[PDB]
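Shown below, as structure tokens, is a lone chain in the form solved without its partner chain; questions about how it binds or moves come after it.
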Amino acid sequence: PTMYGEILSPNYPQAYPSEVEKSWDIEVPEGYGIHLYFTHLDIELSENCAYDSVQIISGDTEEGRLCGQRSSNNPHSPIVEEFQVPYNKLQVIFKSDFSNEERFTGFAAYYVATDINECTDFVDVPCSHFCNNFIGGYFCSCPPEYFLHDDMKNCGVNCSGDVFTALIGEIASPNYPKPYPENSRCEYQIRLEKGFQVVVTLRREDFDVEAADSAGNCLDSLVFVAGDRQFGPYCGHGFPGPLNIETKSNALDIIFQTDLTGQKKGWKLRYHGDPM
């Protein structure tokens, strides 16, 4: 694991021996790519570089096979051949055949590690909101009052915590009646004494959540969990369920989950205990 280095042909800068087969495994750290460039190339020329050749293998494909005698036509650089790969590993192989008629001096080449911009180079952004690239990695950041989930990728608001124990109460989505936040998971816990069940009361007009997709699946969802029984998911304009919902349990979890896009008014419900 290195940041740079050189690769010289056997007996460089003098003639390379015949019947040789040397290999180099290049490895830079993760989050880095590799820039490989040749500053010297003096190898026996042949069709498809059959006899003598230097070979470059990156990842799973062959990047190049080099032979012949070529110099730098640009006076401002000694580079005659270069390669740029987005992988942290690279392979160089040099083969010389049985005999060398002329004076061939082989090759000199150098490699340096290059940073990957995970924020732009990747096909799909690794952050829900903002991506911050640095050298050897990247990190995700969130807008004000948003917080980074345990995956260090998704941002959401803090809309959990309070446990409800009162025999009657009122619960509403964040920022009600202004639009609710995105990419968040809100959790409300209602805990009544054993003799009572939790009854939820939701007015039809007090409920506006993003509509479900064409398949009928809710992207943002409101769900009531009572032990084994589940109520919902609920979606759409207007509460789909009944006005009075008997959960038949003294313990209820209300989980409102949102995705990254599409926010509407939200909801407001009331709960009350009922003797059993």
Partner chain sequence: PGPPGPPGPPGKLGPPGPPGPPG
Given for the second form:
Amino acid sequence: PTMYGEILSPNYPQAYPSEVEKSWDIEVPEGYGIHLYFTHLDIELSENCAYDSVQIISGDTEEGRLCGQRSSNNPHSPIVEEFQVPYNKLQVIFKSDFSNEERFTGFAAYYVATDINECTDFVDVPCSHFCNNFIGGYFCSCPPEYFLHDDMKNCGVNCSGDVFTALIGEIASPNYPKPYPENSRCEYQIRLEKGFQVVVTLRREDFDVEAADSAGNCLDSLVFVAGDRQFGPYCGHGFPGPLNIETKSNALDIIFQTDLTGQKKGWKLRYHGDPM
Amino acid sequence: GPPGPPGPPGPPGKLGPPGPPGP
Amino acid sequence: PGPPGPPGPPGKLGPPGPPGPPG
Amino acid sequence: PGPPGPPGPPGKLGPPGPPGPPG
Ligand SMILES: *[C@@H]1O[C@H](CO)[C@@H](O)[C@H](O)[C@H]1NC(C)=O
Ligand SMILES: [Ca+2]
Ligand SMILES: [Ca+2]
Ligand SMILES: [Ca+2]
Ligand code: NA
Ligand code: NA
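Could I have the structure of this protein in the form deposited with its partner chain bound, to go alongside the form solved without its partner chain above?
Every component of the complex follows; first up is the chain already shown.
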């Protein structure tokens, strides 16, 4: 694994021998591409470069097959041919046939590792918020009070952990009645004694979450989990479900999931305990 | 302006490889 | 003036190679 | 007028020579 290197034809800068087949394997570290450029090219010319040729192979396709004699157009650069590959590995193959009718001094080439800008070089940006490119890689960052997920791609608000054991309580989405945060997963847990059952009540006007898509799928959703039984997912302007839910369980999980865009007022509910 | 004419034909091919050995 | 013309066709076939070795 | 096109590619490789003598 190198950052730069040099590739010279056999016996350069003198003439190359006949019937030779030399190969070089070029490798730069991960997170880099390769800029390969020729500064000298003096090889026997033939149709399709069949006799003598220098070959460039990225992945396993052919980037190019060079032969003939060429000098640079610019006096500001000796580069005659150049290749830019988005891969970290490359192969160069030089071969010559049985005879040279003239003095052919072969070729001279150089390669340098080129940084990949993952934030711009691709169709999609691999970060929910801010993408930070550096040399040899990249990293994602988050706005204040947002934290990076284990996938190191998604940023989300910390709104999980609060366990409710009180027999009566109220629960609301973050910042209610101000808009809820985006790209977040909020988990609320209610734990009562055995003999009691969690019953959730809320007013219909106390629920405003982004509406479902054209296929009825909730992009933002609120769901109640009581073991195997399940209530939801709920979304839309106004609570579409029952305003009074007897969960038949002393333990209830409340999960509020939101995507990247489209936030609304949120929700506010009350729970209490009924006997079994 | 008026483009140049199609170039001349290339040089003749090089000598063939030496023949096979004899008996 | 005008832009460069196109390349010409290929040249004539090369001469036959030398005779083989012995053995 | 413009520059005449670059000369064409060189002719095909000559055929191999005849077989040789025998030491
Ligand atoms: C979020 O806040 C809670 C306190 O409410 C804390 O226990 C927890 O460690 C914080 N971070 C995460 C990832 O839950
Ligand atoms: Ca040759
Ligand atoms: Ca990078
Ligand atoms: Ca949303
Ligand atoms: Na050489
Ligand atoms: Na809210």
